[PDB]
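In the form deposited without the named molecule, a lone chain appears below as structure tokens.
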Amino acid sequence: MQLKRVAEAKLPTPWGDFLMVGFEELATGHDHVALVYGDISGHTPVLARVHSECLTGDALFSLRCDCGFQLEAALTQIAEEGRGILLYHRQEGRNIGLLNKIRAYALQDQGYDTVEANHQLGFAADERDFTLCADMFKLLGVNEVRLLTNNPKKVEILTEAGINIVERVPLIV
């Protein structure tokens, strides 16, 4: 357990009110957030999206990735379902950080691909720790998860990270 649940408040959006729950990394004070729509109590598996933060795509209208597009799509789909969770996993640039992400982007501007750029900068293709997501689900009292994603490989990755995924729900985009 790398996190603690510290506060919650209302987050009104165009799709309705989500309960915003803030989590804190015990060792660093770094934050993560979960947006909970409706009543997620009960034994029924809970619909959920794991969204890793991308400042450029999520906030700065970047056209070089689909993160912002996916964020809106997931929130919309969860609200439509009427019950669900979106985890905002704050590990920018597959966990290499924003500044290194800009360095990687500069190399990509020169013809390098994301894997090549990261390698030249001294990082693996993906350095994210998804067990932080398992922590958030556990702290929210969630067991079985219906994971929103169009990539079966992501189901494998998250299951390995300790998330009990019982179904893959295509992300409507």
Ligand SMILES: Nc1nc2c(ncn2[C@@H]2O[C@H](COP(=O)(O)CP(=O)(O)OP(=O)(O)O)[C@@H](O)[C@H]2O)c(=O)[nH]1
The other form holds:
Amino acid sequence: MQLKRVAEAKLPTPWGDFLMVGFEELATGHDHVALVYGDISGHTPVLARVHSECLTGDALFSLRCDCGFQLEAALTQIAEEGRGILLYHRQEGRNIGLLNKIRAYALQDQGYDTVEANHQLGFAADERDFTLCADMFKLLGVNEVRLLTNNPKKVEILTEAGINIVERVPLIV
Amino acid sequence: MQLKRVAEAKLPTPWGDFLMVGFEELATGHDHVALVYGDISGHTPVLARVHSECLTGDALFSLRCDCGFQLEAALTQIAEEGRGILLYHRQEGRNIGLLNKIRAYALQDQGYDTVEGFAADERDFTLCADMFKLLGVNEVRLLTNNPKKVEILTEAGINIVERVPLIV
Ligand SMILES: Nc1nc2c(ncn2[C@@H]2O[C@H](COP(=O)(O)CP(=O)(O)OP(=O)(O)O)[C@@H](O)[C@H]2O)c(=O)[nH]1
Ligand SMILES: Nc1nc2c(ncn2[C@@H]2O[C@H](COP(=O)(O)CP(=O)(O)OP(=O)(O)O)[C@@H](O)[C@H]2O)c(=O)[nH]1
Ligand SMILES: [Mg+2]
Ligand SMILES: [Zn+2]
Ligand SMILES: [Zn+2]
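What does the same protein look like in the form solved in complex with the named molecule, given that the last one was the form deposited without the named molecule?
Next comes the full complex, and the chain you just saw is listed first.
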């Protein structure tokens, strides 16, 4: 356990109420958050989406990526399921940070794609640590998970990070 | 100057392209960002909105506040003006932080209100003044419905020459 559950409140949205849970990294103090829809108790695998924070897409209407659409789509599918979870993993730009993501777009505003745009900035393809997400699930009393994703390689990674993914689920975007 | 302009890229949106500029606090390393629409040069006062980051409202569709609507409304009015700036001031929950904002809602989910162990507003807007300076901006036409904000922001060093109602 690298996180601690520090608080929760009712988050009213156009899909209904979500229980929003605040998490704090024990070692850094960094925050992360989860949105719980419905009753997640029960031996029934829980439908969940692991979303990595993307300021530009998530809040600034960026068309340069589909993060915002994926975010809305996940909440919708979770609402339609009536029971689910969305982990808002606050590791901006694949854990390199917002500023680095901007200077990556700055380089992409020249040609080079995502991969070499980071090797140039000193980072690898993906610098993220999903064990934190596994910790959030644990703190939420969640075991078996039906993961919302269109990338099969993600399931390999998240289960690898310690998440008991018993089933996959495509995202409508 | 407490900030440094570290990078910029084209930010395509449904209103067109914005030049997004990344800023870094010299003392903390914390980031902040600005979105520039059109050509902000010229002695003409610049229309701008100072938005304080609110994760729940800005990205998580929270109805518990109108931060998200204000955010969209500002970008729209700026787009309609054809020249403007939006400062995304990353001081969550009035500078107390996201976690504290959640445990505040937790109390509001109880009895207390938005004023009960921090003050009313812990924010420091001098950083915003710094972003404008780094953007080569002087005179500002501020987008806001709160007149008391103009007093505060000009106080923080922003040459606000006009308050402009933010239509939502
Ligand atoms: N270094 C870069 N990071 C980016 C770029 N565009 C988006 N991102 C970051 O990548 C993260 C999301 O992209 P992923 O491709 O990881 C999407 P997710 O993790 O949600 O995978 P899927 O479920 O398979 O869709 C998110 O944290 C963004 O901030 C880019 O051009 N460069
Ligand atoms: N502690 C609290 N912070 C809040 C609450 N509602 C919003 N906020 C936070 O306050 C910040 C912005 O809200 P304000 O009401 O201060 C809006 P601003 O200061 O930008 O005023 P205007 O220009 O008039 O729009 C933002 O960072 C929010 O996360 C609340 O009930 N309690
Ligand atoms: Mg605001
Ligand atoms: Zn993105
Ligand atoms: Zn808010």
